[PDB]
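Consider the single chain below, provided in C-alpha cells and representing the form deposited in one PDB entry.
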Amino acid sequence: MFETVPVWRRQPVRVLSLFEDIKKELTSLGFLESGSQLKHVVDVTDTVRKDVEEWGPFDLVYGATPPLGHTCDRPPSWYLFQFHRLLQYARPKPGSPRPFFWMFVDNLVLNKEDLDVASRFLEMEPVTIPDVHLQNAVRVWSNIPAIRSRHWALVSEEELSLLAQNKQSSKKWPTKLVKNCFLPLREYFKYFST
C-alpha cells in the first residue's frame, strides 16, 4: 500500500522510538505539535506484546544502531532482533486501513554477518545514504517507498568499507541524513509549523 492521503484527512503521526529519541528530528519537520504522540522505550528486554498495545496504536516504528562508541552494552545484532520483535508487536490488525511505516537505521556498526541477518529478518536490502560535504553515511531498511525509489549518490560498500572501518577505528548521530529519510512521510500525516 503506497497510496497518498488528501491533506485535510491527515492525522498526527504516532511514533514508537526504540534505542533513540528522535523528537528533535521529527519536531524540526513538523510531525508533532509542541504540546505536552511519540513513545520512547528505555530498554526493551522486558516489554511484552501488551505493552506495545497499551501504548496506543503506532503509525511509525523507529529503531537504530547506536553510533560508533562504548554505549554497546549489547552486541550489535541485539538492537536488530529486539527491533524486529517489537515491530511485530506494533503491526496493525490485518483489517485496519491506515498507513503504517517502519524503519531501522545502521550507523555502519553492523559487520557483514550482522548485515545479512538484517536484510533477511526485515526482508529487504539496505539503502545506503551518503553525506557529501565524504563525511558520514548510513544504511536504512524501511517500507517507505521514496527511500527505495529516489536515487542518492550510490556508494560501493567497499568505499563505505574504507570509511566504515576508518570511522569505527576513529571513534553522536548523523542528524542530517536521518532527517532526510523522514521527509517523504510528510505526504501521509499531519504537518505542523512554527
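Numbering follows the first chain given and starts at 1. We call the rigid core whatever largest set of C-alpha positions still superposes within 1.5 Å between the two forms. What changes on going to the form deposited in another entry:
Among the candidates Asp51, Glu125, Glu159, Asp43, the CA atom that moves 2 angstroms or more between these two forms after core superposition belongs to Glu159 alone.
Once you line up the core between these two forms, the Cα of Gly30 stays within less than 2 Å of where it was. In a rigid-core overlay of the protein, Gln88 has its C-alpha displaced by under 2 Å between these two forms.
With a cut-off of 2 Å and the rigid core superposed, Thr71 has a Cα displacement that reaches or exceeds the cut-off between these two forms.
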Second form
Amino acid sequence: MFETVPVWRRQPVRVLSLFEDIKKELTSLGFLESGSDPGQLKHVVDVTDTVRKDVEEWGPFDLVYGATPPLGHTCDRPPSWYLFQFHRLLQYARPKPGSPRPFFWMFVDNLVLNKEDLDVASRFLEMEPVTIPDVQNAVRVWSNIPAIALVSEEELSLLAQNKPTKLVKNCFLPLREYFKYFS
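Let me have the form deposited in another entry next, following on from the form deposited in one PDB entry.
If you are looking for partners or other molecules, they are not here, because only the chain is given.
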C-alpha cells in the first residue's frame, strides 16, 4: 500500500494502454492534458513482437492498462492471449526493486473469459476479480488500485447468451491522490 503524496508534488501520470485505448477517456478525468500531442499515454495493439527494450524506451510508466475486446466482436485471437501479453508487458514495465515509486496496473474483462480463463487470470494477477454491473452491461476488474453492489453469477451467464468505458472510469478515481488534476 502506497502513501499519499502532497498535492504540490503530484506529477503528470504516464500510462500504458494495451489493446483498448482510453486516451480521451482518461483526459475526461484530468490525468492527461489537451494540447500535448507528445502526450503521456502510449497505445499499442500488436504486442506480439514488442520486446522489453521497447517498453523500456517508451517508459517510465505509472499505470499499465489492459482490456479484453468488447463482447460481441468475434475475436481473431484467443481470449487468454490478452491476459498473457498484459502480464508479460506489465512485468516488463514494473520498476526495479531498488527504486520503489507509485505504480499501478489494471486488467478489465468484458465477459470474454470463461471459468478456466477467469481462474488463470486470478492466478497470474494474484487476486480475485471485482465485478461492476449496470441496470444491462458489466465488467470484471483486477487492479492494485484501492477501490471504494451484490449481483449473482447467473445474471452474467444469461446476459452473455444474448450477444463500455462507462464502468471503468470510476475505478480510476483513487488515483487522483497520486497525480496532477488537470482541467
